[PDB]
Amino acid sequence: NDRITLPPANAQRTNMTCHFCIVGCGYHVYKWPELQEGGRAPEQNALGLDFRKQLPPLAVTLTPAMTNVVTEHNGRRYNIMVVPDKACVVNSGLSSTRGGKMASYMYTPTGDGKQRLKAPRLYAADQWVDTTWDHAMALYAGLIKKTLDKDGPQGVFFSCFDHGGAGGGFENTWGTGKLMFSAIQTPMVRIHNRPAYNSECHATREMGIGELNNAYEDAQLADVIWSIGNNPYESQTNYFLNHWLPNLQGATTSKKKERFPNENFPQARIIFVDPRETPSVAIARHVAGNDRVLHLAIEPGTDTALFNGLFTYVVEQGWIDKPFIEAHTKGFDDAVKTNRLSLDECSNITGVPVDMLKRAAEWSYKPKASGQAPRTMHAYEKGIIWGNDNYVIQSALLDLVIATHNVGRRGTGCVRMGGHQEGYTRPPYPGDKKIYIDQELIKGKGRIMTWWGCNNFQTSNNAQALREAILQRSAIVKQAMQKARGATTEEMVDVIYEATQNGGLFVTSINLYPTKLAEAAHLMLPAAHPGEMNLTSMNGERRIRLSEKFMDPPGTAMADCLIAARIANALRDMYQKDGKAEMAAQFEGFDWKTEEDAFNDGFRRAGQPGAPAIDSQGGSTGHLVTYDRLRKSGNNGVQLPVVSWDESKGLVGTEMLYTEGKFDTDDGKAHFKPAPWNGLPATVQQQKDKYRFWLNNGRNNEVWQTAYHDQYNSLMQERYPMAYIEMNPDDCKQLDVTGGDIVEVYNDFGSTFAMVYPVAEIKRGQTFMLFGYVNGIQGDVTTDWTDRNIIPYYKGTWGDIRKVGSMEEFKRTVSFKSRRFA
Amino acid sequence: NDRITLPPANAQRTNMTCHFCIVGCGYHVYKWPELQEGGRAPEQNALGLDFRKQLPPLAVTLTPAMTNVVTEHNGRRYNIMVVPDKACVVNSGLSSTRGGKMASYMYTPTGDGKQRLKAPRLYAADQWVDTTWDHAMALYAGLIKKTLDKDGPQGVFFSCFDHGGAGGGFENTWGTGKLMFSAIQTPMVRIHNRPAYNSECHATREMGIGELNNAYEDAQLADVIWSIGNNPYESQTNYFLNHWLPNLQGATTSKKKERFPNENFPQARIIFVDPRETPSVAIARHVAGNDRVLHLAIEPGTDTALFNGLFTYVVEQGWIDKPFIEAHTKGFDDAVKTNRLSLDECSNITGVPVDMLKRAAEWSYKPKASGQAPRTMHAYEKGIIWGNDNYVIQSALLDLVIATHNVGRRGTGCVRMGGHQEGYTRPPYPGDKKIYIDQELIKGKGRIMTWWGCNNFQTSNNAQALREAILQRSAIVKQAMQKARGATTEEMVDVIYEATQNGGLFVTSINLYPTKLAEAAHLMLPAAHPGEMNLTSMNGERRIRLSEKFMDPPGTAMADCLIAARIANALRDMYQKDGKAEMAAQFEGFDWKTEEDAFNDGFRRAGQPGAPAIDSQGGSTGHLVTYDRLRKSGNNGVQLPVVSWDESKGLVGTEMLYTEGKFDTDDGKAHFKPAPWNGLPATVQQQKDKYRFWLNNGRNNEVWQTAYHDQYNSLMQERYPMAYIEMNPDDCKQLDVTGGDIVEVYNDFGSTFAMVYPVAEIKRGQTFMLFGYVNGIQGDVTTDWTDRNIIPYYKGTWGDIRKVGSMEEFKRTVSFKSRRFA
Amino acid sequence: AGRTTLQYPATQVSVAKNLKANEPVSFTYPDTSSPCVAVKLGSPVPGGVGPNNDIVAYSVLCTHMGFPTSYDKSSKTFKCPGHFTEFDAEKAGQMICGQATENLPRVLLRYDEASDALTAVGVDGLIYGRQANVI
Ligand SMILES: Nc1nc2c(c(=O)[nH]1)N[C@H]1C(S)=C(S)[C@@H](COP(=O)(O)OP(=O)(O)OC[C@H]3O[C@@H](n4cnc5c(=O)[nH]c(N)nc54)[C@H](O)[C@@H]3O)O[C@H]1N2
Ligand SMILES: Nc1nc2c(c(=O)[nH]1)N[C@H]1C(S)=C(S)[C@@H](COP(=O)(O)OP(=O)(O)OC[C@H]3O[C@@H](n4cnc5c(=O)[nH]c(N)nc54)[C@H](O)[C@@H]3O)O[C@H]1N2
Ligand SMILES: Nc1nc2c(c(=O)[nH]1)N[C@H]1C(S)=C(S)[C@@H](COP(=O)(O)OP(=O)(O)OC[C@H]3O[C@@H](n4cnc5c(=O)[nH]c(N)nc54)[C@H](O)[C@@H]3O)O[C@H]1N2
Ligand SMILES: Nc1nc2c(c(=O)[nH]1)N[C@H]1C(S)=C(S)[C@@H](COP(=O)(O)OP(=O)(O)OC[C@H]3O[C@@H](n4cnc5c(=O)[nH]c(N)nc54)[C@H](O)[C@@H]3O)O[C@H]1N2
Ligand code: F3S
Ligand code: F3S
Ligand code: FES
Ligand SMILES: [Mo+4]
Ligand SMILES: [Mo+4]
Ligand code: NA
Ligand code: NA
Ligand SMILES: [O]
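Protein sequences, first through last, are from chains A, B and C.
Position 449 (the first sequence) corresponds to 449 in the working numbering; numbering is contiguous.
Position 33 (the second sequence) corresponds to 1033 in the working numbering; numbering is contiguous.
Position 30 (the third sequence) corresponds to 2030 in the working numbering; numbering is contiguous.
Keep in mind the hints are simulated off the structure, nothing from the lab.
Warning: the hint list may mix true and false statements.
Claimed, not checked - Below, computed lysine-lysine pairings styled on DSS-like, alpha-carbon distance capped at 27 angstroms:
#, chain 1, residue 1, chain 2, residue 2
1, B, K1593, A, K811
2, A, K632, A, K86
3, B, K1803, A, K146
4, A, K817, A, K733
5, B, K1145, B, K1322
6, B, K1733, C, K2076
Throw the hints in and build the complete structure from the sequences for me.
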């Protein structure tokens, strides 16, 4: 509708980091009784804005989607307004479409959050019902205990978030990790986005370069930005908007010159390595001109060849830092030999013309006239992380970066752009092997599987094999449960345990919402998100912020760290009752009343005297951070690691990593690695050999992840009622499809469905499907293939397309117009 | 919140009959553009009410729940206000809590109707996706056709509504019945509330008395009202409020006297035959005094004994109409012999003291001082329809009524109170046998099952056996579908059909909502309810009204009759294509563009020259009813059957049936029937022998049916988050339960769950559980037992009760205070 | 205007310590045609005010068809003589059983520790027979 209730001048104001992407944009949450409002005069409302007359452009970001009315546990009603902080350095008052919806996605009884989990849910053999928390713990802890006593920890499976922000963060990763690893001590654990306990960044870390090694200010200071496997307007909006674009526009030139009096700073340029022409390519060309953008539209999976050709060329031209290499690196001469690739071979493999390869090197590595190498920030994400051999691509890319001294200089960095926020503090993983968890589950292993803060039915690789197996195993438990009548909780535990000896699996989901996991889950436990709890996390430049609690969770929904404590204390109590003092002792250390307690126990204990082994993004100075100190810091927080604290200075942190040439390896040097080109994996190549289309996949600007909130939003559902597939118009004509037709996409791995979205910029025999979605799951057609560390090539699959027919309704209501701005 | 938008004086106003119960209360729907409103002055708003000052009691029924904002297919937003008609004779401006929410339960994208089915949904082996109507028809018609060609009609199953109002009515029952019976010609059809193609009222019909034989005005004229197996304050609210209570209060005395100048009319009295003390009993005591209410608190299942003892006694006293018996009945002397039972025997079986038995006969049957028998209306519902041997109870009851001439006299009637509204027009059932459909399905019969406007997962007798079987058979089809890749619709039909030869069953639901049927369904089709379509139906006095369309359905949702036409035309086209002219001809006669066409083809054709056999509650004068004539009638409509029409008079109909002593039998006489007392059925007696509690079940005032809308209403879910079980406080103490504890309820038939509701009025070893609900399905513990016509004894089951635990959140938010007003 | 809120009056009811457990006080809010009750329940409830968080207040007009309801001290409910609706005083006007489609409206009370005063400051829910709570 057509009006908004303004926040009163004296309204309560708390800090809130965005729930969603890595950028970690700062917001303020205004909270006030429903029957009060602000006046239009700027000094009579909390915004300080003059609503007596039209506001100019950029004065505010404020829509009805940024407002709500919450009903608290006391039954009292409060207006809320969730709006970007103008003085936050991250976003400077910018809000993406995703963060802009936070108010709407706060829990209310009648709004978009109406189907929030509010109590334990139990599938009692043949129907969903509520149950109590104590019954849920008796069943869940009971099973875990039984499994520990009979099978050991290897019978207990998890797939759990390791990330930051909403459904993650330092309190939550500690809580879950302490439970899984210190208490239960299970190695049968995967991560939300990948099917083993591993890293996205094995190669770069082992080369001595952690993947978040710079500041967002570095994107302002760069001569050149590379965006490799990365659609940052859509996936990291406000980093792109607030930092990248001002550089491309010339707004940061005078700051470069002030820092470096004796260095030329040409107009900044941008290079995209992406098989696909994305909105980010289009918008870059709009802002900077076609002459300052290079789209290296590589063949899918050919990143390694690209970087080996560039590395070879910059070495042959001598566009490298030989003093840097000599003082601070190891293995260069070996990498020159193993990685040798001519520009002609590079061009044949990539499909990129030799002139474009040479130009990219010239922009990026050839000394400027003043003598200094260009400041080239190399930013990468899932196009290579989920690319053709995660480990080898990073090896090849980092070799280029290290040889060109593009780490440790301002305006440089070889960095992840990131996904979620970060907020990792955990004990070490208690196994000595990587385990492909999905494969284990498919093969019939484990008694109990918990999805915690994730939904692999929508997001696993080879997701169809996964769903099939889980549904069937779930059904066996359902069938066994239904023969019970009048059983105690203990008897039920035995019935379910027995069913798991005959192929069954007990499935638990700890979540905000039922999700598609409800098709298989036997138990669902209600969690709480930021604003319903305090939560700490850091963004892509390691900036740690506290998100303040300002409202109650729905019903008995709890902070994930506190659910973990609940589980630990239930297990402890069972062991104490069973007279097993040693097993009880493993479940000590969860005497937690609030999320802060998890912060004190994890983040703040890392590297302290008498602490156990803790792997924390805070490092050993994490104890200097407190909730009260973060509050005083505001949405600016501090860049980790913290270097000092006092009352007069606040938290003082770290802008850029590796500025003195000391890397995270045994000898302090960065290590070059061999990067062989072996083509595509045979599993993926077999799909490519049999089927017509490359089934690229990934993000839409407007849709967040598995659409857990978005599925309930009427605007989102009207815009994207179904997952879409970008198709070349000529391919469309060949298949007799147009916008709003439905197609089956299929291969040897699976079958799924999408609505057709003709896109002129898509190449013939290539496609692009929205990933993770609630209607048409893309991942059914991804292969089982992973690299050496069990990293999937999610961006590597091929399949055929078959027309189902025309969805008239989609044609009447959905725009199929171009999403590439020109 | 704290204000309402008034309808402008010139607002559009249409007629709507309440969507829900039998009473068929009249409402007006005001529709106007969102940005307009009425003035508070009475002549400046559509209600004609003065909102410049507080309104007095009874002036209006108006809350925010009675308002909404709809978004039409053109994108334009309109205020709606759905309020009771003050001049409708049925309700005189009363709204129940159920009808009062109709505005809220209209479809809007953000409201309670947000999850309405908007397009065909398909379970594509391992995920829910949208599909097109044409693909849906190809798959569904394809299957039906294949089954017809190979198995014949016996392979095609339905459970379908037969009722009136929302999700029924004359258009819809004709459409479905023509499809099932004239076109497909399947006998494998059950009804929404019972598991065969039968009647609730076989005995009374066969004895020559259709079950809706009076007017609501008859409740005003009666000396005595019996409510047998009937909770009418909760189940037929506004008939009780607007008709019964005015009689008990003495507001109708002067009207009785004006009609019958030489007849005494004592203060009216009311008799309840119900094992349970209900709200209705309490409220009758409050209004009439304890001295004018008799609660015959029979032992469960003993109604036949009750009526045989009363019949015997009134015969022995000579409190019968011997001239009526002699002129207008057959078989009396036989029934006196077969049904003979002493008041002592009656008292031993029923548990009702002999004094109370005598008093009920004295109030009801003993001549008044002026010479005339009391005018005693005998009203019955599901306490006896789902009672101990449906056919025998009606035999016993009707014998008492006929002998006492309590049919055909004003102020009398032996009538159903009713459930839904009525609206039946169908071809005759195409078999010569009753078939227990659920048993057939559980035994692995049928290729395809369609649930149409019903949800037997929540409402079958022996519902647990049903769900078990259907989920497993559904799983077989799901498993077979998932091996397909790139299959045409025709190949998929063969895949599924093959799976059904290995125990599978293809399941379709045609609904407003997914419901629990989504756990098994392969296909779901969107329907439209009244106001999104035109719809005709009649209430408990046979008063037919038209509910006018005033808004669009969600997405591509369609009237059920038009869904039936869609199916029939798809089948005809398939047959025509396959060169099968004879088979194509069976699917003629569905050339329908609007619901009115179904009205013309069914209701209006009954009994006309060259019409096929049609069974219609309109009778052979149904052709005199048109939509335009009903419009002119208002919410008053006309009582069926219509006797005359002209332009100047309107529709003139029938107040009471059987006033000349001509019954619906071969000879025109009412026929007495033998009513043996044989105890409880052995299957039920075995449960009673094994287990402690009688598991009575039925309605709650606030909850409608399977809570398909109510499940989305925040108020309703806060009130009744779980199905509740009324238990005696002493029984409670013995089980250590109180309000808000959860219990398992269980027997040999199944296990289910309920929240404990202590109720002082519940007898020891008796309970009462809400039926049909979305959280804790009661029907799991009902037996498979049915009477000779396959009518279940849903109110006849026993089971034990076990404490699960305390739900602290239920204790915090749910009232466990008394629902029996005093 | 600007304004999206109703202009509620601030009306003194009493000081909290004058209220006896389960002894209803009558007042009018937000004008003399809107009868209301405040009661000390004797035990804390969600959203209760005063020293023992147990004082609650309501409009007494039935939200069905507007008859003044009566406070029953034995059940702590408001009962309507019209069509027998009953509302729970301890569950923020939740309808126990009845024909209404709206909870009994709550009168929002400020409690000031410094003065012991209870002031009616708003209404949560719509009062029967009114286009807006404030006429
Ligand atoms: N084909 C294909 N597959 C992919 C990818 C790809 O590019 N292609 N990308 C991968 C990537 S990068 C990722 S990150 C994964 C994402 O895979 P998932 O992690 O499965 O998906 P998300 O939507 O992040 O899951 C968050 C879930 O947690 C719930 N949730 C939200 N907040 C909380 C909270 O506070 N607590 C709890 N307990 N639950 C909460 C949400 O409702 C939702 O169910 O998908 C991966 N899968
Ligand atoms: N709007 C929105 N933003 C999000 C998310 C979201 O769901 N919605 N999710 C967040 C998360 S968890 C993550 S992980 C990030 C994802 O951020 P990105 O990785 O930026 O997003 P994607 O769409 O998965 O993929 C990036 C690009 O990889 C390209 N690509 C495909 N195959 C190849 C290949 O072989 N090589 C190369 N070089 N490129 C290839 C695709 O064409 C695509 O444009 O986004 C985060 N931000
Ligand atoms: N234990 C026990 N069991 C009982 C009874 C009992 O007393 N005790 N009672 C029995 C009785 S009397 C009854 S009536 C049954 C009720 O059993 P059902 O008929 O299964 O229940 P309803 O809730 O009436 O079913 C209506 C369904 O149709 C949908 N619907 C609503 N409007 C429409 C529409 O216009 N078109 C279509 N296609 N769908 C629509 C609703 O969303 C819902 O799923 O339960 C029976 N079961
Ligand atoms: N509020 C509301 N009203 C509705 C409905 C709704 O869901 N909610 N549903 C509608 C429908 S479809 C129907 S069928 C009607 C049903 O309306 P009713 O049949 O009036 O309601 P029920 O609660 O099913 O059962 C009636 C009474 O039967 C009693 N009873 C149990 N066993 C026996 C027995 O052996 N003998 C006797 N004499 N009594 C027995 C129970 O104690 C109960 O009070 O209600 C309609 N009205
Ligand atoms: S608003 Fe949120 S979605 Fe990312 S761009 Fe900013 S953190
Ligand atoms: S309003 Fe509705 S539910 Fe029945 S009592 Fe009336 S027709
Ligand atoms: S006027 Fe109060 S229950 Fe109807
Ligand atoms: Mo990610
Ligand atoms: Mo019924
Ligand atoms: Na699939
Ligand atoms: Na069950
Ligand atoms: O019914």
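Hint check results:
1. B:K1593 with A:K811: holds, 22 angstroms
2. A:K632 with A:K86: holds, 17 angstroms
3. B:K1803 with A:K146: Within the cut-off at roughly 23 angstroms; holds.
4. A:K817 with A:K733: holds, 17 angstroms
5. B:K1145 with B:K1322: violated, 59 angstroms
6. B:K1733 with C:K2076: This hinted pair holds, its Cα atoms lying about 23 angstroms apart.
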